[PDB]
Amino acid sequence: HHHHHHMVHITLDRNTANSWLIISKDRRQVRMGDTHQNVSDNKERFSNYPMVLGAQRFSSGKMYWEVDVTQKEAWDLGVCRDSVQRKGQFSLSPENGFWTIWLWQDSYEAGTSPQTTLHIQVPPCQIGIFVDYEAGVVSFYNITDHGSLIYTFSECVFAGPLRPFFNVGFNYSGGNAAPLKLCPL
């Protein structure tokens, strides 16, 4: 892929984070804490899952960023509507305003309803996410495997401003503490 030149500088929005997350000073890394991180509750925070949004809002154009997923057993990545539900249980689906992929129990899947099996030959250490707002496209690329395509959502009905979306996953196993990191341009 030759999407690199629509590169945008993404930072994380502390105010949207689940109360157990730790966001780095530079707002480019997030990880699961071992407790409540001593923040007040607010209506923006994802309550049930270890999720956080990027600060940037997109309503036009083409945008590209990269995320490091090294050493993690579980995570979700992609974009979502600014209007997504924050409290209680919900599925990741385009009907609920999410365009995502994930790793879970040694398989990769796209967040369709129902979920779609992904075919990845080289487990990725870094993921590229490309959004074309006008075309209605969200695509995922395997940076570890020369940028090979992972998945394309097309005919997307965004229905509002989009935000970068992150889930660091639970760490019941003790093998998923590693952070998600926004990679430099």
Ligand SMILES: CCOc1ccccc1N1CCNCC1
Contents of the next structure:
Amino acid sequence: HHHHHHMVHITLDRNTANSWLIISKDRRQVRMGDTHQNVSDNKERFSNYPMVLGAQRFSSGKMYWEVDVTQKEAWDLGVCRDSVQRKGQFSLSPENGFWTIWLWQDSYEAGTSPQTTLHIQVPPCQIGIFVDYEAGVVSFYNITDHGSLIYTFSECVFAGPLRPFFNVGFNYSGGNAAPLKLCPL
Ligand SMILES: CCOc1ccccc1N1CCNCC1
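Pass me the form deposited with the ligand bound as well; I've looked at the form solved without the ligand already.
Below is the entire complex, every chain and molecule, led by the chain shown above.
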């Protein structure tokens, strides 16, 4: 791909974070803490999952960013509507306002309903996310494998402003403590 030139500087929005998340001072890294992080509750926080949004809102244009997933066992990445449900249980689907891929139990899947199997020969350590608002496209790239395509959602119905979306995953195993990191441009 030649999408790198639409690079945007993403930072994480503390106010949207699940109360167990720890966001770095520079707002570029997030990990699961071992306990509640001593913040007050608010209507923006994701309550059932270790999720957080980017601060940036997009309603037009082409945008690209990269995320480091090194040594993680489980995570979700992509974009979502600003108006997604924050409280209780829900599935990641375009019908619910999410355009995502994930790693879970040694397999990669796209968050369609039902989910779609991904075919990745080189497990990625960094993922590139490309959004073309006008075209209705969200694409995922394997930076570890020379930028090879992972998945494209097309004919997307964004239906409002979009925010970068992250899930660091639980750490029931003791093997998923590593952070998600936004990579430099
Ligand atoms: C591990 C302690 O639990 C959480 C920690 C952070 C977010 C959600 C949960 N729950 C929500 C209720 N179901 C169990 C996990």
